[PDB]
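Every protein chain but one is kept in place in this view of the complex.
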Amino acid sequence: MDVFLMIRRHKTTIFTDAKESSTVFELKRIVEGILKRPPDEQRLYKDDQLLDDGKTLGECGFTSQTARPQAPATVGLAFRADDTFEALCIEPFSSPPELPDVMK
Amino acid sequence: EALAXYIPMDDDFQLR
Amino acid sequence: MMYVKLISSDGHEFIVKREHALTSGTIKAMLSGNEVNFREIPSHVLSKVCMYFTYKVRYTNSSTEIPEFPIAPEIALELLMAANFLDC
Partner (left out) sequence: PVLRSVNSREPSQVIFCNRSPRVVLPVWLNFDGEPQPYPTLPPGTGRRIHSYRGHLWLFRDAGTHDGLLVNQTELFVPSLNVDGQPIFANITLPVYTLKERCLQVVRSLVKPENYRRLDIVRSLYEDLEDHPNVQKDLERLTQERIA
């Protein structure tokens, strides 16, 4: 089955899906099509774990049951530079206001 | 003459 | 694969498949003739809208068990207004 993902870096979020059997490398190719950096300049993360290019998304822990359309799994993205290190950084979304008294 | 649906006394069962 | 970029009120950018974005009647009419400004929708709401697009495309015309689309009480009013505005 497919896994449904949010690939996040800074204030960018990509909603995409991929087969559980597809590789991290193939996911980097999807990102390359969108953000125009090649796979050898990308770092993908599940939480704080760097994902190995050769592993499948299933082997990384992304499974259909836990990466669903209505509740996609987050993949962290960082880019490489020629002489600096970019810390993985995902900016949080906004916060809702207080629940109205009539809804409490 | 008119026959309506009815539920036999049996246990329900769990799905999945 | 064509993608479109939706921008929220706080500057978060959401990149979604164009086919999925056409779930919104509002977006469909705009693109029926890409980057789209939705600066009246906050990111916590627009993120949920994009999840809805994915959900709709996956489960429409499906024969499997459809899971509930989850909405937290605290986002419900703003999500309602965004759904009304976006026609989905």
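A few notes on this one:
Should a chain be cited, it is by its letter among A, B and C, assigned in written order, with residues numbered from 1 in that chain.
Definition applied: a residue touches a chain if its C-beta (ideal position, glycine included) is under 8 Å from a C-beta of that chain, and two chains touch if they have at least 3 such contacts.
From the options C:3, C:14 or C:55, the residue with contact to the unseen chain in the full assembly is C:55.
For the chain left out of this panel, the touching residue among C:34, C:37 or C:84 is C:84. Summarising the interface, chain B meets the missing chain with residues 1-8, 10, 12-16.
Within the entire complex, the positions of chain C that touch the omitted partner chain are 49, 52, 55-56, 59-60, 63, 65-69, 71, 73, 76-77, 79-81, 83-84, 86-88.
Take chain A: the residues that touch the chain left off the picture are 100, 102-103.
Basically, only the chains that are shown with their structure count from here on.
Chain geometry summary: the mean Cα position of chain A and that of chain B are 47 Å apart.
Computed centre separation for the pair chain B/chain C is 42 angstrom, with centres defined by C-alpha atoms. Put simply, the C-alpha centre of chain A and that of chain C have 18 angstrom between them. Residues of chain A touching chain C in their complex: 4, 6, 11-17, 33-34, 68-72, 91, 93-100, 103. Interface residues of chain C, counted against chain A in their complex, comprise 1, 3, 8-17, 20, 42-44, 47, 50-55, 57-59, 67-70, 72-78.
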